[PDB]
Amino acid sequence: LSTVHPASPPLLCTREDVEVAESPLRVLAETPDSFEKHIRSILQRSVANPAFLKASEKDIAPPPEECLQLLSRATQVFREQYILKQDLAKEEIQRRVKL
Amino acid sequence: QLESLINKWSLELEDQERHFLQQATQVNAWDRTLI
Amino acid sequence: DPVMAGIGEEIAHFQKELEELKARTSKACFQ
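Protein chains in written order, with PDB author numbering: chain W0, 495 to 593; chain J4, 332 to 366; chain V0, 700 to 730.
Because the hints were derived from the structure by calculation, they are not lab data.
It cannot be assumed that every hint is accurate.
Under the rule of at most 20 Å between Cα atoms (straight-line distance), these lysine to any residue pairs were calculated in the SDA-like manner [unchecked claim]:
#	chain 1	residue 1	chain 2	residue 2
1	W0	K531	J4	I337
2	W0	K579	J4	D346
3	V0	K721	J4	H350
4	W0	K548	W0	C561
5	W0	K548	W0	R567
6	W0	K579	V0	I706
7	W0	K592	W0	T497
8	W0	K592	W0	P518
9	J4	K339	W0	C561
10	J4	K339	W0	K531
11	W0	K579	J4	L342
12	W0	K579	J4	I337
13	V0	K721	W0	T525
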């Protein structure tokens with residue numbers, strides 16, 4: 495990444511709407527990135543799985559138990575840091591497109 | 332072997348992350364048009 | 700071996716969750 499991104503403010507969409515004459519969206523025209531940056535905030539990872547070097551054609555085969563814990567560590571990080579945030583981004587785009 | 336499933340599932344989730352960003356770019360264009 | 704079986708069933712479950720995620724994203728016709 496070309497930039498060290500700090501973490502964004504907490505979720506600009508815990509708003510209840512109020513009608514008098516004007517659209518609540520006028521404030522979101524002032525910055526061209528506004529909604530895409532809110533989705534890019536919801537997608538912001540705080541743990542990831544490292545890229546693993548392949549095992550060699552001279553390595554010892556590990557115990558199955560190490561391989562189960564390495565798998566569960568990896569699938570937990572995918573469930574908590576990717577899948578959950580992508581369904582939250584989907585509900586946000588569903589709410590925005592409806593409005 | 333397991334390494335080559337985990338490294339693959341990372342890239343196949345970062346691909347869906349890139350799809351959700353482009354969907355947000357497309358909504359932003361209709362958002363302004365309706366303002 | 701049962702550890703070598705549970706590893707197979709989580710690999711089958713998690714890739715099913717990833718394909719049912721892709722099948723929940725590709726059906727999101729936002730227009």
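Evaluation of the provided hints:
1. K531 (chain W0) <-> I337 (chain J4): Status violated; Cα separation ~28 Å.
2. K579 (chain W0) <-> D346 (chain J4): holds (14 Å)
3. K721 (chain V0) <-> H350 (chain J4): holds (10 Å)
4. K548 (chain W0) <-> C561 (chain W0): holds (14 Å)
5. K548 (chain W0) <-> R567 (chain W0): Measuring from Cα to Cα gives roughly 18 Å; hence the hint holds.
6. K579 (chain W0) <-> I706 (chain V0): violated (25 Å)
7. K592 (chain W0) <-> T497 (chain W0): Violated, at about 33 Å.
8. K592 (chain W0) <-> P518 (chain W0): holds (15 Å)
9. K339 (chain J4) <-> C561 (chain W0): holds (17 Å)
10. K339 (chain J4) <-> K531 (chain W0): violated (27 Å)
11. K579 (chain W0) <-> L342 (chain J4): Holds, because 16 Å separates the two Cα atoms, which is no more than 20 Å.
12. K579 (chain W0) <-> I337 (chain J4): Holds. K579 (chain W0) to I337 (chain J4) sits at ~18 Å (cutoff 20 Å).
13. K721 (chain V0) <-> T525 (chain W0): With Cα atoms ~31 Å apart, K721 (chain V0) and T525 (chain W0) exceed 20 Å; violated.
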